[PDB]
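Colleague: For chain B, the structure is supplied; the task is to place chain B' with the ligands on it using the hints.
There are 2 protein chains.
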Amino acid sequence: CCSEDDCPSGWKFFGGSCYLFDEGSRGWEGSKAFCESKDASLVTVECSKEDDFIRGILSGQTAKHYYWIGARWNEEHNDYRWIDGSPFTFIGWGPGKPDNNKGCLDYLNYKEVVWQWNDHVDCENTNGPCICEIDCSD
Amino acid sequence: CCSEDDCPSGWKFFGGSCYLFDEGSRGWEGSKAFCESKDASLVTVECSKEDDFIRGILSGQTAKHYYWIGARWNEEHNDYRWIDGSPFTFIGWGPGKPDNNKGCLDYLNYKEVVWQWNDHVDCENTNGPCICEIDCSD
Ligand SMILES: CC(=O)N[C@@H]1[C@@H](O)[C@@H](O)[C@@H](CO)O[C@H]1O
Ligand SMILES: CC(=O)N[C@@H]1[C@@H](O)[C@@H](O)[C@@H](CO)O[C@H]1O
Ligand SMILES: [Ca+2]
Ligand SMILES: [Ca+2]
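For the protein sequence lines, the chains are B and B', in the order given. A prime marks a further copy of an entry chain. First residue of the first sequence: 1, per the entry's author numbering; consecutive thereafter. First residue of the second sequence: 1, per the entry's author numbering; consecutive thereafter.
The shape of chain B in the complex, shown without the other chains:
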């Protein structure tokens, strides 16, 4: 429900959402907490246009090769899904993914995974940047 003018300074507008591409260095759980500290949440990716919007941003730098996003293995439902509890619609796994290690998802840029989703086994101690999202739904 966001418009351009709704995005906080340093956030980017796409597709009714505002996004923060945060260059800090945290674990997945740390990253979830960080986005919450901004009245926001790790990004959820509902469609291929949003997937490609994200890829366009991550592809414009080369320093970092993964960014945490808002999905992880879900014990209750026994699947990977968004942290808001909603199942995947768009499917964005890279070649050969998921490994099914009951881990946490990132966009990964490694070998044949070209800014596509990977499940990483370590939700705690693997430090990287992250992507937060708001949709101004109020």
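Mixed in with the good hints there might be a few duds.
From the derived model, a few chain B' residues whose C-beta atoms are all more than 12 Å from chain B [to be verified]:
| id | residue |
| --- | --- |
| 1 | 38 |
| 2 | 49 |
| 3 | 60 |
Covered stretches of chain B', going by a simulated chain B footprint (3 or more residues, C-beta under 8 Å) [unchecked claim]:
| id | segment |
| --- | --- |
| 4 | 1–9 |
| 5 | 15–26 |
| 6 | 124–138 |
Pulled a few chain B' residues facing chain B out of the computed Cβ check, cut under 8 Å [said to hold, decoys possible]:
| id | residue |
| --- | --- |
| 7 | 46 |
| 8 | 47 |
| 9 | 50 |
| 10 | 89 |
| 11 | 101 |
Just so you know, these hints were derived from the structure itself, not from any lab. We put the CB at the ideal spot given by N, CA and C, even for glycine.
Modeller: Frame of chain B; chain B' with the ligands shown alone:
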């Protein structure tokens, strides 16, 4: 997931969605079918900014005093909710609404209901304009 440039000609952009404010004259069921004919669906209103975007458009004319939207009494769940099966989040009923007549929802402009939701008892034979939505989720 829509951007401005994604909206078909005659549709309007707001908040990641494209909207058709169609001035044809159909019943609610007719209106649901019409939006489907456009690879689209009667509008669902997830937030107060989208509610007010819609109000801004409907308020700019005076000929019509109601427009069909994508919600109706749901037999299974025994409530009013969106036709996509999802429950209300934003609550947009006008003063004194719902009547609880197990009907179909419109934006209504009548007496103290000032372009806010009403439940109309007749889902079939009450002819009016409607609001279709796409979110380009592909
Ligand atoms: C943080 C991240 O995604 N790391 C991935 C890892 O999970 C593994 O999939 C590997 C190939 O064995 O590529 C990595 O560098
Ligand atoms: C189409 C529509 O919403 N019509 C509403 C009707 O449902 C009723 O609520 C009435 C007041 O009794 O206002 C009407 O004209
Ligand atoms: Ca999203
Ligand atoms: Ca909507």
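Colleague: Each hint should be assessed against the structure and marked as holding or not.
Modeller: Status of each hint after checking the structure:
Every Cβ of chain B is farther than 12 Å from the Cβ of residue 38 of chain B'; the closest lies at roughly 18 Å, confirming the non-interface assignment. Not every C-beta of chain B lies more than 12 Å from that of residue 49 of chain B', the closest at about 4 Å, which undercuts listing it as non-interface. Distance to chain B confirms residue 60 of chain B' as a non-interface residue, since its nearest Cβ pair spans about 18 Å, more than 12 Å. Requiring three or more residues with a Cβ within less than 8 Å of a Cβ of chain B, the coverage given for the segment 1–9 of chain B' holds, as 4 such residues are present.
Under the rule that three or more residues need a Cβ within less than 8 Å of chain B, the assignment of the segment 15–26 of chain B' holds, with 3 such residues. Counting residues of the segment 124–138 of chain B' whose CB lies closer than 8 Å to any CB of chain B gives 4, so the stated coverage by that chain holds, three being the minimum. The beta carbon of residue 46 of chain B' comes within 6 Å of a beta carbon in chain B, closer than 8 Å, and the hint placing it at the interface holds. A least Cβ separation of about 4 Å between residue 47 of chain B' and chain B falls short of the 8 Å threshold, and the interface hint therefore holds.
Taking 8 Å as the C-beta cut-off, the interface hint given for residue 50 of chain B' holds, the closest approach to chain B being about 5 Å. Below 8 Å, beta-carbon pairs count as interface contacts, and residue 89 of chain B' has one with chain B at about 7 Å; its hint therefore holds. Taken as an interface hint, residue 101 of chain B' does not check out: its beta carbon lies about 28 Å from the nearest beta carbon of chain B, beyond 8 Å.
The structure is inconsistent with the numbered hints 2, 11, although it conforms to all the rest.
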